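Let's start with one chain on its own, the form deposited without its partner chain, as C-alpha cells.
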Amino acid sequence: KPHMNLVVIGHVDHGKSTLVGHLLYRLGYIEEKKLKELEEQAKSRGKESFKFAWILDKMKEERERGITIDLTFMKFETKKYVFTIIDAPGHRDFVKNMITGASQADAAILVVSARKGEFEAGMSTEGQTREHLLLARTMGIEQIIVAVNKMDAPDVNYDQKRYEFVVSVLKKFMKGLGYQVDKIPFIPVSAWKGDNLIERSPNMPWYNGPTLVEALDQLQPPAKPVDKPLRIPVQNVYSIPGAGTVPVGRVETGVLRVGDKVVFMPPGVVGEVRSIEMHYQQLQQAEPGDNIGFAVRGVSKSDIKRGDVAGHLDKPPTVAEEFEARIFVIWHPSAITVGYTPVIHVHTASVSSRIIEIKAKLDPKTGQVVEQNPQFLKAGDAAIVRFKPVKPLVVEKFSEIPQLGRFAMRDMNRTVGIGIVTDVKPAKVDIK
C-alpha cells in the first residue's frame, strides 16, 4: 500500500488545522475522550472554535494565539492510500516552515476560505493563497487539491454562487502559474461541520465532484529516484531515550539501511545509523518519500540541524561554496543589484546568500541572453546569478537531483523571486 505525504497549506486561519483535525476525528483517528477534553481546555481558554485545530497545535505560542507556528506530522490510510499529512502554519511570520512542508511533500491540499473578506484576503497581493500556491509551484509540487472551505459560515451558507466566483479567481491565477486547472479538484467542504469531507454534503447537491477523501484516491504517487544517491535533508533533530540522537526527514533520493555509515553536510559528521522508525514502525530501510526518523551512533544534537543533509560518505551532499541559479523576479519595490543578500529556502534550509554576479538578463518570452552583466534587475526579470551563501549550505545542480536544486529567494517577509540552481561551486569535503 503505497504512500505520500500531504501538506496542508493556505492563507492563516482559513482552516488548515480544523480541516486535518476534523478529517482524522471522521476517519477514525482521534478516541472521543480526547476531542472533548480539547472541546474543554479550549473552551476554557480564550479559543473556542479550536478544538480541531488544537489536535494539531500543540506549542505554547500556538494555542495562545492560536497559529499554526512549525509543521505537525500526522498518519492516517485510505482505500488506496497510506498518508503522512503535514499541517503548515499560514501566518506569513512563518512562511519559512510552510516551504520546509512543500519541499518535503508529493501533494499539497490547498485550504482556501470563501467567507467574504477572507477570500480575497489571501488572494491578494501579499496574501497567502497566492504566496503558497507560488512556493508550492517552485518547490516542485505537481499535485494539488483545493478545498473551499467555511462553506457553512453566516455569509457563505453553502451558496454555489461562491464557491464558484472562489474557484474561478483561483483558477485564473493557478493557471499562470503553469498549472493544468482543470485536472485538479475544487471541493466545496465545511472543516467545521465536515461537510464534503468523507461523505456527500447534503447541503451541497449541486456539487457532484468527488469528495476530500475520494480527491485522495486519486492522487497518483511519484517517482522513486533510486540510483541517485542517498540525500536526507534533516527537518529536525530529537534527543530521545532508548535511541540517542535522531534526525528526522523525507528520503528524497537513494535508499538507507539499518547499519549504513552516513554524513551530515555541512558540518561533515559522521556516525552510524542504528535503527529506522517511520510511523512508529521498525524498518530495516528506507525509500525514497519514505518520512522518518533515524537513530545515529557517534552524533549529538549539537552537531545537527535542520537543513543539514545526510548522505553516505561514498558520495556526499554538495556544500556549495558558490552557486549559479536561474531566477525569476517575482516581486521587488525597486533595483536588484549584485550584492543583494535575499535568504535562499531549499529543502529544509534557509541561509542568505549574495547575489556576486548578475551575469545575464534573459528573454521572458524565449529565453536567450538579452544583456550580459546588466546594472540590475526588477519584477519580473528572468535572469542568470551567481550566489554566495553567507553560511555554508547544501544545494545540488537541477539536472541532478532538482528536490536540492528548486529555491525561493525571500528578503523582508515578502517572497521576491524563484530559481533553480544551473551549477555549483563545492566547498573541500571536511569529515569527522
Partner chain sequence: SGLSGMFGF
Contents of the next structure:
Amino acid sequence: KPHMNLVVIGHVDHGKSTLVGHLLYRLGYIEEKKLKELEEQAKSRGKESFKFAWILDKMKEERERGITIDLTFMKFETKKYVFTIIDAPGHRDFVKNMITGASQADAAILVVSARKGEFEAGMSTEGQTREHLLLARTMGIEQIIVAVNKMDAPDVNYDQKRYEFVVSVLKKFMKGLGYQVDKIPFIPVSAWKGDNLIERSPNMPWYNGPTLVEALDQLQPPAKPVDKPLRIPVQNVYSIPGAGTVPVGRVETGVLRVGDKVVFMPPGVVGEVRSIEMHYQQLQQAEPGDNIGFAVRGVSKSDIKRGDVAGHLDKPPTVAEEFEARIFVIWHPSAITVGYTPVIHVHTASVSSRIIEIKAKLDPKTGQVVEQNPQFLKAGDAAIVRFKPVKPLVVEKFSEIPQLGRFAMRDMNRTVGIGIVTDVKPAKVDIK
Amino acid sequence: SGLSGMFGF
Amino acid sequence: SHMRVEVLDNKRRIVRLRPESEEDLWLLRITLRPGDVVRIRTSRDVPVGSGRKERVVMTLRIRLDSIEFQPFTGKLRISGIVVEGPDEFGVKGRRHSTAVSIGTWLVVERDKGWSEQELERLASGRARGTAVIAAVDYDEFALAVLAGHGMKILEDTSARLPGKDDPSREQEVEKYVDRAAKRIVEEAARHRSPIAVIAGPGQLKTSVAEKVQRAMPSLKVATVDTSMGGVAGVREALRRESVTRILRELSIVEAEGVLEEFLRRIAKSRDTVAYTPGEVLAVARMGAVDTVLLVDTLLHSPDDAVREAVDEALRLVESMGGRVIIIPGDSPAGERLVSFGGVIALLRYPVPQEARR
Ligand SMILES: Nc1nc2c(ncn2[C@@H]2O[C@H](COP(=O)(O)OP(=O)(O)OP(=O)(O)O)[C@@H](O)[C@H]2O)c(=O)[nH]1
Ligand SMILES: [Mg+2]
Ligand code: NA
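Could I have the structure of this protein in the form solved in complex with its partner chain, to go alongside the form deposited without its partner chain above?
Every component of the complex follows; first up is the chain already shown.
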C-alpha cells in the first residue's frame, strides 16, 4: 500500500472537520462510545452539531469557538492507499497553519459549502475557498478532490441547480490557477448526514460521479525525490517520555535512517536519530512522503521548533542570510517598496523578510526585464527582488529543492503575493 | 485581479 | 509637561531651557545643530595636586559637535569643544562629552538667531506618555515599548508549545499566557505606561489581557484583532484603525498613515507627491506641501548642503500651514523611507515633474 498526505481546506465552517470526523466513523475508525461521548459534551455546551468535528478539534479555544485552529493529523486506509489526513483551519486568522499543512500535502480535499451566502463568502475577494485554492496551488498541491458539502441543508435540499452552479464558478476560477478542471471530481456530499462519503446517496440519483472513497482511490501516488539531500521541515516538537525530544515532520527529500546524525537549521543543533515512528509503526528508515516522528538524542525541546529543517551534516539545509526571488503581487493596498517586510511562508516556516532591493519589474503575462530598479511594485506586477530574513530562515533554490523554494508573501491578514527563490546568499554555518 | 501566473507550477 | 523655553537676549540668539520629559529630549535632538553652543553645569576631572585628580563641578560653554539620542534612556547625549570655562583648569579647546538629562538647565546660543517656528517646536512637547504593545498567538509572543519618538522590542519569544495532541498542552499555554501577562505588567511599570495594547488572533490576547488587568487595574488595556503574534503582530497592530485612534498622538504611528497615503498616490497620482530632500524643498517653496514625513537623521547629515536644504523645506512648509512629522529611521515607518531619500511629502495639488526647481 503506497502512502499519501491528504489536506482538508475550505472557508470557515464549510464542514472540513465533520467530513473527516464522519468519514473516519463510516470507515470504522471511530468508536461508538466515543462519538456519543463527544455528542453529550457538545450538547452540554451550545455546540450541538460539532460532534464529528470534536474528533479533530481539541483545544480550549477550538471547542469554545467551534473553530479548527492548528492541524490535526490522523490515519486511515482505503482499498489501494494509506493516508495521513490533515484537517486544516478555515478561519482567516490561522491560514499560516493551513500553509504548513499544504506544504506536506500530496493532494487536497477542497470542502465547499452549497448553502446560500456561504458559497459566496467562500468565493468572494477575501474568502478562503479562493485563498486556500491559491495557496494550495503555490505550495505544490497538484491533485485535488472537491466536496460540495451541506447538500442536506434546508436552504439547498439535495438540489442539482445549486451543485451545477457552484461547480461552474469553481471550474472557471481553478482553470485560471492552471488546474485540470475536467480531471477532478466534484462530489456533492453531506458531512453531517454522511451522504456520498462511502456508499452512494439515495437522495442524489442525478449525480453519477465517484464517491469520496472511490475518488480517494482514483488519486495517483507522487514521485519520490530520492537522490537528493535530506530535508525534513519540522512541524512540531514533543517531549514524550520513553523517547526524549521528538520532532515530527514530513520528509520532502532524501532518506532518513535510524542512527543517522542530523543537524537542525537554523539552530545548528546536532542530534543522533534514535528511532523513527509513523502511525505508531517502528521504521528503520523514512523516505519522501513519510510523515514521521523521529526521536533525537542530544537535542532538547528548547533548541528546535516548527520552521526548522533537519538534514544530514553532509550537506545541511541552507540558512538564507539573504535570498533572491521572482514574485507576483496578487494584492496590496498601496505599493511595495524597498523596506517592505511581509511574512514569507516556505515549507513549515513563517518568517518576516525585508525587501532590501527590487532588481527588476517584469510583465505578468510574459516576464522580461521591463524596468530596472523600479521605485515601486503594485498589485498585478511581477518582479525580481532580494529579501533579507528578519530572523534566520531556511530556503533553497526552486531549481534544486522546489518544495523548500516555493512561497507565499502574506501581510495584514491577506496574501500579498507568491514567489519562488532563484538564489540564496547563505549564512555562516555555526555548529556547536 | 487577473491571476494567470506559472513559475513552472 | 512641556519644556520651559525662555528667550534671553535682545537679538533672540540665546535660549534657556529645562527638559521635563523624554519628549523634551527628543525635541532637543530634532532642534539642536552642530554649531550651537550649550552652557551646562557639569563635572570634569582636573589634575590638582601631584599625580592626583579631583572631580570638580564647573560651568562650561561648548560648541556642539555631536547630538545623539538613544530612546528610553532619559539621555540626550552631547559633545563638542569647550569654547569657554574657568581659566586655571585649562579646558578651553578640549572636548567635553556629556549628557543632558530630565531636569538639566541648559542655555544654548545660535549665531544666526532662533526662529519663532524653532521655539514653537521646542515648546510643543506636551509630555506624551509611553504605551506598550504586544502580540500573542500560539507560535510567538513579542512585547515593545512605544513612544512618539521611539520603539523598542523588549521581548521576542517563541512559545515552544506542544502539539495540540500532547497532554499538558493545555497547562503549557496557561504558563505561557502567565509568562506573557507578567512581562507586560513588568514593563508597563518599568516605563510608566498608561495604555497597554495587546494584539493577536483570537482568545490568547484576551486571556493575557485579563491577567494584566488583574495585576494592574489602574492600567488601561486594549485588545486589538490581528492576524499573528510576535514582532510582526506588533507592527501589524500599528497600522490598524483601532490603534491609530487609541495612540493618535504618537508620531511613529501617525507616520504609517501618511506613508500609506503617499504610497497609494505613488501608484495612481504620481504628481500629488514628492520625495528626496531637493524635490521636497522645490515643491515646499511653491506652497504645495500638506504634510512632510521625515527621518530624523537627515537633520544631522554630515553634508552641510542637505541640513540647510532640509531645514529650509521644513521651515517653508510650516510657514504656509503644513504639518511636519519627524521620526526615527529605526522604526517601522522609517524603514520604508530609505528608498525615498529619507523624506516624503503629500501635495495639496498636482505639480508636474518639469516644474520642480
Ligand atoms: N447541514 C449540514 N451542516 C454541516 C455539514 N458539515 C458541517 N456542518 C455544520 O457546519 C458547522 C461547522 O462544521 P465544521 O466541520 O467545524 O466546519 P470546519 O470547516 O471544519 O470549521 P473550520 O475548520 O474552523 O473552518 C457545524 O455547525 C456543522 O454542524 C453538512 O454536511 N451538512
Ligand atoms: Mg476544520
Ligand atoms: Na469549524
